[PDB]
Structure formats: C-alpha cells, structure tokens
Amino acid sequence: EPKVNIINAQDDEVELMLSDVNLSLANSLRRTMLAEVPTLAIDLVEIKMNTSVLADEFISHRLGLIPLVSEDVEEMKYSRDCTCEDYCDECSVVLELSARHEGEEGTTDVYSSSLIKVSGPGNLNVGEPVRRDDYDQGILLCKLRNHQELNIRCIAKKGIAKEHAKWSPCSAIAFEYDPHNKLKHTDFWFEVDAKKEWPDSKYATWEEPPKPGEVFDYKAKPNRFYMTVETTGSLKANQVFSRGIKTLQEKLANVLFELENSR
Amino acid sequence: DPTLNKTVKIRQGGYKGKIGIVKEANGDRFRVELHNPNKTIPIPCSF
Amino acid sequence: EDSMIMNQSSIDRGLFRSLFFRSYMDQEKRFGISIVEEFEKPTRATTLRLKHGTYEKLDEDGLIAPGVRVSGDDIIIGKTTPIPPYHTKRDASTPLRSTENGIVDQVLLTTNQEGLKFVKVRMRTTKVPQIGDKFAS
Amino acid sequence: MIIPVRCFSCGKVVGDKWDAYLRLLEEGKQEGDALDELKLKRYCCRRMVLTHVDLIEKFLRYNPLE
Amino acid sequence: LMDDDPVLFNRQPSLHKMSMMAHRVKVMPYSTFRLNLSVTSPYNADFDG
Amino acid sequence: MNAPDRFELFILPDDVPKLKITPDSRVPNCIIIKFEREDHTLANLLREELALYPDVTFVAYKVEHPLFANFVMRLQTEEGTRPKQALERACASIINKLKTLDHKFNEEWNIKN
Amino acid sequence: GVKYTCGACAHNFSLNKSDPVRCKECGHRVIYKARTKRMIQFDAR
RNA sequence: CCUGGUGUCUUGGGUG
Ligand SMILES: [Zn+2]
Ligand SMILES: [Zn+2]
Ligand SMILES: [Zn+2]
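Residue numbers (my numbering), protein chains in the order written: chain F, 706 to 968; chain S, 36 to 82; chain L, 559 to 695; chain A, 25 to 90; chain C, 592 to 640; chain G, 777 to 889; chain V, 56 to 100.
There may be inaccurate statements among the hints.
[What the hints assert, rightly or not] If you want the footprint, here are the derived chain F segments under chain L, 3+ residues with CB under 8 Å:
{"hint": "1", "region": "868 to 876"}
{"hint": "2", "region": "952 to 964"}
[Unchecked claim] Sample of chain A residues with no beta-carbon within 10 Å of chain F, all distances over it, derived:
{"hint": "3", "residue": "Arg30"}
{"hint": "4", "residue": "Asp43"}
{"hint": "5", "residue": "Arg47"}
{"hint": "6", "residue": "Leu48"}
{"hint": "7", "residue": "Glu55"}
{"hint": "8", "residue": "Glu61"}
{"hint": "9", "residue": "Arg70"}
{"hint": "10", "residue": "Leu74"}
[Unchecked claim] With a Cα cut of at most 27 Å, we get these calculated DSS-like pairs of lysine-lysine:
{"hint": "11", "chain 1": "L", "residue 1": "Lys647", "chain 2": "V", "residue 2": "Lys72"}
{"hint": "12", "chain 1": "S", "residue 1": "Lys44", "chain 2": "F", "residue 2": "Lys782"}
{"hint": "13", "chain 1": "F", "residue 1": "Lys941", "chain 2": "G", "residue 2": "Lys888"}
{"hint": "14", "chain 1": "S", "residue 1": "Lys53", "chain 2": "S", "residue 2": "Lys41"}
{"hint": "15", "chain 1": "G", "residue 1": "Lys860", "chain 2": "G", "residue 2": "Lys880"}
{"hint": "16", "chain 1": "L", "residue 1": "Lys587", "chain 2": "V", "residue 2": "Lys92"}
{"hint": "17", "chain 1": "V", "residue 1": "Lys58", "chain 2": "S", "residue 2": "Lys41"}
Treat the hints as calculated values from the structure; they're not laboratory data. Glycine included, every Cβ here is placed at the ideal spot set by N, Cα and C.
Please model the entire structure based on the sequences and the hints provided.
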C-alpha cells in the first residue's frame with residue numbers, strides 16, 4: 706500500500722513524494738537517515754611531523770570531517786565487535802598524507818586529493834576521499850610555506866552519527882506536507898490577511914487549494930510527504946534511502962527477537 | 036609492578052587502538068591516562 | 559530563565575570551539591658565590607621532600623619536551639635547591655595546575671639579565687563547548 | 025582561520041568551494057550571484073562562505089620557526 | 592554521595608531563610624548543578640552565570 | 777570531564793537487558809515496557825501503529841530524560857488479547873510495510889536511472 | 056643528547072646542560088627544544 | 001614498610 710513518486714533525481718540528491726503512510730513513519734525515516742545510517746570516517750590520526758602554523762588537533766579535526774566513499778561499508782565490521790588484536794584489514798582503512806614546500810617563495814596548498822589509501826579490506830570500494838570530477842582538488846586542509854612539512858597517518862573507522870556528526874551521510878533533509886494547511890495543524894500569524902502575508906510552498910501547485918465553501922474534514926489525515934535527501938557524496942542518494950529503510954528494519958527485528966526469547 | 040608509566044596500546048574494547056600511559060596499577064584493573072580525550076579510564080589487564 | 563539549547567551536531571562540526579594556552583615561567587635563583595639552583599631530573603635518592611606526582615615525562619636536561627600530553631600535578635620543570643649545613647638538595651619543581659590537561663606545545667630556553675638559566679613552557683589544549691559554558695549576543 | 029569543512033548548521037560540505045569563490049570575485053560578480061553559481065541555496069550555507077575571514081594568509085607571513 | 596542523600600543547598604547573598612534549603616541528591620552526568628525551575632524564585636537565582 | 781561517552785547511547789552493557797517487561801497489577805492486563813538504548817526514532821514508530829489496532833485500549837510512551845537514551849512504554853489491551861502478543865503483531869506489520877516500501881522505491885528508481 | 060633548534064638560523068645541535076645557552080652558528084641566545092620521539096595520537100573529534 | 005610540606009601581604013582587573 707505505500708507508494709512513492711520520485712519528482713527529481715541525480716547522484717547526490719533525490720527529491721521524492723511519499724504517500725499512504727503514517728506521519729510517524731515519514732518522521733522516523735527522516736531521523737534514521739540522519740543519525741543511524743553507517744558511514745566511514747577518519748577516527749585516529751597519528752602525527753609524525755607537523756611544522757605548519759596550524760595546531761596538531763586543529764588539523765586532525767579537519768581530517769575527521771573529510772567524506773569518504775562508504776559504498777561497501779555493510780560488509781565491514783565495527784572495531785568494537787572484532788575478535789582481532791589491535792587493528793587489521795577487516796575493521797579499518799589506513800590512509801597516509803605527506804606534503805612539503807620546496808622553494809623560498811609561494812605557498813603549497815594541501816588538499817584532500819593528496820590522501821593516499823595504503824591498505825583496506827580489498828577489494829571493497831571504500832576509503833577513497835570523495836571527488837566531484839577528476840580534476841577537482843577537493844577540500845582545503847592546510848597551507849604550507851618554505852620548509853614547513855606535514856606527514857600524518859590516518860585510521861578510518863566505521864561509525865554512526867549518534868556518536869559524532871562526522872559519520873552522518875546526509876546534510877539537510879527538506880521535508881514538508883499539506884502545503885495549503887487543509888489539516889489546520891498550524892494557526893497562521895498575520896497582521897492584516899493571512900493568505901497574502903505568507904509565501905507559497907514550493908509544492909503549492911502539486912495539490913489543489915481548498916474550495917471557498919468546503920467544510921472542515923475532521924477525519925482527514927496527513928497523507929502525502931514530500932522530502933529531498935541531500936548527501937555529501939560519502940554515499941549515493943539512492944543508497945541512503947535504501948539503507949535507511951534496511952537499518953530501521955533490523956532495529957524492529959531486534960525488538961521482535963527479544964520478546965520471543967524472554968519467555 | 037614493572038609496567039607503570041610505560042606507554043601502552045589497547046587491543047580490545049571501545050578504546051581499541053589508542054595510546055596511553057599506566058597511571059596506577061593497583062591490581063587487575065589498571066588506570067590508563069588515555070592520550071586522545073582528556074580522561075583517565077579504569078581498564079582490565081587482558082585488554 | 560536565560561539558558562539556551564545548543565545543537566550538538568553544530569558543536570561536533572566546530573561551532574564555538576576554541577584553543578586555550580597557558581605559559582609557565584621559571585628561573586634559577588642565586589643564594590651565594592657558587593650556590594645556585596640547578597635544572598635537572600631529581601633523583602629520589604639525593605633530593606628530599608619530593609612532590610607526589612610523576613617525574614617520568616622529564617628529559618635529562620630537566621625540561622619536558624613538546625608533544626607530550628600532561629595531566630594535573632605532573633612535574634614539567636625539575637629544579638632543586640641545596641640544603642645548607644651527602645643528601646643535600648630540596649625539590650623546587652613546578653607542577654601543572656591540578657585542574658588542567660593538554661599538550662606541551664613549545665619550550666623556550668634562554669638566560670635572563672643576571673646570566674642564569676631561564677625557561678618557559680607553553681601548554682595548549684582545546685576547549686569544546688558544553689553544558690554550563692556561557693554565551694552572549 | 026581557514027575555511028570550515030562543513031556548514032555548522034546543516035552539514036553540507038563547503039570546504040571545497042573557497043578557491044572557486046575568490047576567482048569569481050575577480051571576474052566582477054557580486055557576492056550574492058557568486059554564491060548562487062556555486063549552488064549554495066540555503067542561507068545557512070551562505071553565511072559560511074560570505075562571512076569567513078581568512079586569517080591563515082596573515083599567519084604564514086611569520087617566517088617559519090625551523 | 593548517592594541517590595536520596597539530603598544535602599544543604601545555598602546561594603549567596605543569604606538574605607532570608609529560604610536561601611538555604613535541603614534537597615535530595617540525584618547523580619547525573621555533566622558538570623552543572625540542576626535545579627527544578629520552580630525553586631529559582633526563593634533563591635533569587637537564574638542561569639546567567 | 778563529566779561528559780559521558782557518546783557510544784553509550786546505542787551500546788548495551790552486558791548486565792543490562794535491551795528490553796524489560798513488568799506488570800502493572802493496579803489495573804487488569806497492563807504492562808510496562810522499558811526499552812534500553814533507544815530513542816524517539818523507534819518509540820514513535822511503534823506507538824502510532826499500535827494505536828490504530830482495535831484491541832489496544834491504551835498506548836503511551838515518555839523519554840524521561842534526554843541525557844539518558846531510554847524510554848518507557850505503557851500498553852494496556854482488553855481482556856481477550858495479551859499485550860505482549862499484540863506488540864509482536866505491531867512489529868511485524870511495520871517490517872512488512874517497510875519491505876513493500878523498499879521494493880516500490882527500487883522499481884521507481886531504475887525507471888529514472 | 057637532547058635536540059635543540061636555533062631561533063634565528065634554525066641549525067640543530069645538542070647540549071649536555073653545562074654548555075652555555077647559545078647557538079653555535081650565529082650566537083643567538085633564544086633556543087627551543089625539539090619535539091619528542093614519541094608518537095602522538097588524536098581522535099579527530 | 002606504613003607517614004607525607006609549599007607562603008604570605010597588598011594592589012589592580014573581573015563574576016552574581
Ligand atoms: Zn579487524
Ligand atoms: Zn548551510
Ligand atoms: Zn644560529
């Protein structure tokens with residue numbers, strides 16, 4: 706019975722209409738995509754040399770925020786659940802960076818494209834810092850002048866956004882419903898005339914205005930939820946919507962398991 | 036005890052892979068002053 | 559009553575985060591013709607009334623090195639003063655403030671106007687906004 | 025100090041758009057239009073680029089201490 | 592110190608007797624003291640520092 | 777210094793059950809379910825679903841304090857049905873609706889590919 | 056013994072505390088300790 | 001093999 710109608714689509718954002726579901730399910734889907742869809746992100750930085758003007762943990766802090774390709778992350782384990790001694794190939798990706806400026810003039814800009822994957826759970830496509838094109842240098846990390854060097858080793862780990870926002874696959878999630886306020890869930894503030902002073906939703910033409918005579922349907926419920934899921938490139942937009950649903954299933958499944966085992 | 040004040044790496048648990056220093060080693064439960072957040076934790080010797 | 563809710567994810571991405579720096583200064587004092595204090599890592603056998611904290615982060619020159627994390631009551635500058643009339647000296651070392659932690663960032667070594675040795679140790683840490691911190695428009 | 029990696033409020037990556045923004049200003053575009061071309065539509069993302077102050081160019085002038 | 596131990600709570604300046612009342616402890620994370628909001632008035636307390 | 781570990785929101789201690797059912801013997805056929813290491817995310821989803829069933833006479837939840845990731849739900853059903861069984865039914869319904877919903881998105885997605 | 060750094064000319068050298076506090080190269084009287092041998096880790100949070 | 005001491009007097013700037 707739930708129906709979906711995709712209004713627009715591209716690699717990093719999907720705009721869609723969701724219908725024939727309960728408000729609570731639309732909201733729980735919104736929350737799950739923001740908070741519980743796993744991704745991969747740097748979580749340990751070993752600084753062997755940093756003679757730049759930026760403080761050590763300042764640079765380390767920027768590193769944690771770099772979005773990494775997380776496509777095959779479902780087959781990867783959490784570090785806290787792995788049976789091994791220290792890290793290994795099954796629970797972490799190791800990245801390395803080394804930059805230096807030779808010459809007495811000019812500035813060497815250190816970009817996220819200099820992050821080199823060194824090991825990783827082959828041959829899974831995980832751990833490369835996301836790029837828009839091939840000639841795109843990416844995210845600015847630091848800047849170097851003559852004789853200043855930066856040589857760091859980064860450990861990337863699987864995590865969820867509940868622990869730290871760097872693991873979130875979404876950015877914003879636009880979300881709205883009932884553009885003409887037929888349900889009367891809001892009571893509009895106005896100075897003179899409520900209709901002229903409030904702007905129209907960008908989905909005003911997707912539903913029909915209330916007729917001037919029409920009585921209030923006290924049985925009507927919210928039923929069409931338009932949302933747009935933008936991502937950072939760490940996951941493709943279609944994967945986020947799919948894995949949001951998948952993750953929410955196992956959580957309910959885990960609850961169902963516990964009831965039939967507690968007797 | 037011969038392991039106080041020597042540098043340590045943690046190989047199991049939620050703090051697996053982190054550097055620390057043995058601050059106090061009374062018995063079985065160690066006190067590692069973790070480097071990474073400003074906190075000193077109680078931890079078992081198997082780890 | 560004039561408190562405020564802050565978005566935890568904004569804090570995670572760096573909102574209102576700040577660096578904090580503290581510098582400690584010390585120098586050798588003169589008490590006589592050849593009676594001067596001395597920077598060193600004090601041995602427990604030869605120096606009385608030692609502090610309760612750890613001395614294991616000092617190098618052989620009596621000074622801690624940049625990059626080492628320190629916690630409260632750790633000694634970062636070892637200095638002794640001799641006892642007038644072996645086992646002749648008394649500790650005059652400087653511990654980190656009990657309520658603080660962070661990383662040693664830089665250590666200045668020089669001499670003062672009177673020619674004795676003179677050190678400064680700057681410590682840096684990062685303060686992350688949390689419940690109780692104060693803000694204003 | 026240097027351009028933030030993420031927008032504080034919504035999380036969209038903005039740390040890869042700083043160089044593109046300075047170049048557009050040389051070509052005479054106005055600030056509002058430059059942000060428009062970069063597709064920074066929500067005003068949370070716009071504040072990040074429009075109001076950042078690049079102090080790292082000043083700190084680099086102090087001749088390295090090694 | 593443990594749950595439901597009584598403690599004496601106090602804000603200066605102690606202008607009258609309800610500047611010092613006994614509360615029951617509840618141990619909690621984070622470093623501020625928590626008060627139910629309806630006791631701010633007798634202490635003439637607020638949360639601006 | 778007193779900030780708790782953020783991973784404590786979802787990682788269950790070994791001596792702590794994920795789920796705890798106790799009776800409310802003050803009224804007939806009423807249980808209190810305490811959910812550990814969970815949020816509004818799970819709770820609101822179950823709550824609305826349950827309320828549309830004809831044999832559920834009372835359902836409610838509260839997150840008692842946001843600094844602790846738990847919530848407690850109260851569920852009373854009429855004499856015929858056993859509350860704990862009814863909860864299982866609500867769970868399976870939603871798993872089915874999301875399975876269907878995932879399928880219909882996949883189909884619509886390839887057409888736009 | 057202990058690595059130092061000249062505040063003017065950046066030459067590196069060691070001193071076994073009893074030596075006078077100056078740079079061998081330029082005579083500068085402000086010097087700095089070099090960083091520890093130990094590895095430093097940060098959680099990138 | 002238990003005990004285990006680090007200053008004062010001011011002044012100035014601040015918080016409610
Ligand atoms: Zn592993
Ligand atoms: Zn924004
Ligand atoms: Zn020199």
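Check each numbered hint from earlier against the structure, then list the numbers of those it violates in ascending order. Result: hints 2, 3, 4, 15 and 16 break, sorted rising.
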